[PDB]
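Work out the full structure, taking the sequences as your base and the hints as a guide.
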Amino acid sequence: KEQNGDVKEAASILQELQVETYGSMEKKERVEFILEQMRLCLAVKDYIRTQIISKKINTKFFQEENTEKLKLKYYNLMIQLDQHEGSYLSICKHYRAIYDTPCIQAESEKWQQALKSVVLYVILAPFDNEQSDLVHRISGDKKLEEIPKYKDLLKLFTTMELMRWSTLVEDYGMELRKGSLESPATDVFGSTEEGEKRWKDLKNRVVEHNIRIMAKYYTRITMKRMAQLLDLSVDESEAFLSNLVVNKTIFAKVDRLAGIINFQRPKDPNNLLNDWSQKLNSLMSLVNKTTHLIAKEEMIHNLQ
Amino acid sequence: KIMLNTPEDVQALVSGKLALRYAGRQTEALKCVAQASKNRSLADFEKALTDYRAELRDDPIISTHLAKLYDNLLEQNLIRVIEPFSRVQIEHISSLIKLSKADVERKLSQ
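Keeping their order, the protein sequence lines are chains A and B.
For reference, each letter of the first sequence is one residue, going 153 to 456 in UniProt numbering.
For reference, each letter of the second sequence is one residue, going 258 to 367 in UniProt numbering.
Don't take each hint at face value.
Example chain B residues on the side facing chain A (calculated, C-beta under 8 angstroms, incomplete) [what the hints assert, rightly or not]: (1) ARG344; (2) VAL345; (3) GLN346.
No lab work stands behind these hints, which were simulated from the structure alone.
Note that beta-carbon positions come from the ideal geometry of N, C-alpha and C, so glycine has one too.
Structure below.
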């Protein structure tokens, strides 16, 4: 029926597949017959049927009692269509599991695919927690520094100086040009629209991320000046603020009069805030004043 | 059922073939109400109050419930756009909704 051109029977085979995977205990044949789930689904392209089936696919499976050596090729065949149908977080938990794909096979082309995709999922790591700890899961690899994009990871690491993305233009451009390593950059731009969504979403993601970095600092970079240093329009900075109100900029100060913003200067309760500052300042002055006092008082004992 | 805010079931009950023979000029206005609700749109709901006021003039006492749905979506608009803004221009923030500041000022101040 695949070469018949009749994919009407996809609902038949996948409807019978739920019955033929429940009611018995099959370890070997079930993994062989779970490829039928996404086999015709490329012809079907049904999001709701994918919602029916990674759900029933990866319900109970970790590693053991299941080899075809070609397990991991099917793991690549699993969540690629979840990157197709989902957006960006879908590979955050997916490409973090292809680290043993070098351990199973020859590692030479794992530079090109595995060590290419080893950075993209932590690019798409959410800003709250997984970004913070998951960067150490790739940190420590000696094969990490052998990547030229290691420095791009370190530029995405922390304390981002507001940097020019025209410097990233030649990096991504020759990152398409060289076939020495990370050859599927042309696959990143594989679909006509998808790589463009990754790219505008990528520049978007870093141009929000650095705002979350300088948003830690109260140093007031005065966003009307920042829009001039960024060489971008203030109207798409209002769009950036539309990404900030859903990114919870909700504790901030805007101006009808100016366009300069403040990320701080709350109502400042003196029974709470200046309370707290006066507390830790006064007390830390007292007890830090206490320690090296008697400690140096013991240091002068040894001169006698 | 749109007062419990599910326009997808409105699509489902204009999608079932049983009551679809009873469709007409009445329920097109409901499809524009549910359309503006699933759009979360406000001026489009006013267009549903504009073209279909000729079946919303024969609308019952529940016009007040429809108006409270409109004003409640207006409330979600107001607690959406004002909430990041300490101090802002009124036409910068009404230019989003492209509506006059008179009724908006009255409902806000109210």
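Compare the structure with the hints numbered earlier in the document and write down the numbers of the violated ones, lowest to highest. Violated hints: none; all satisfied.
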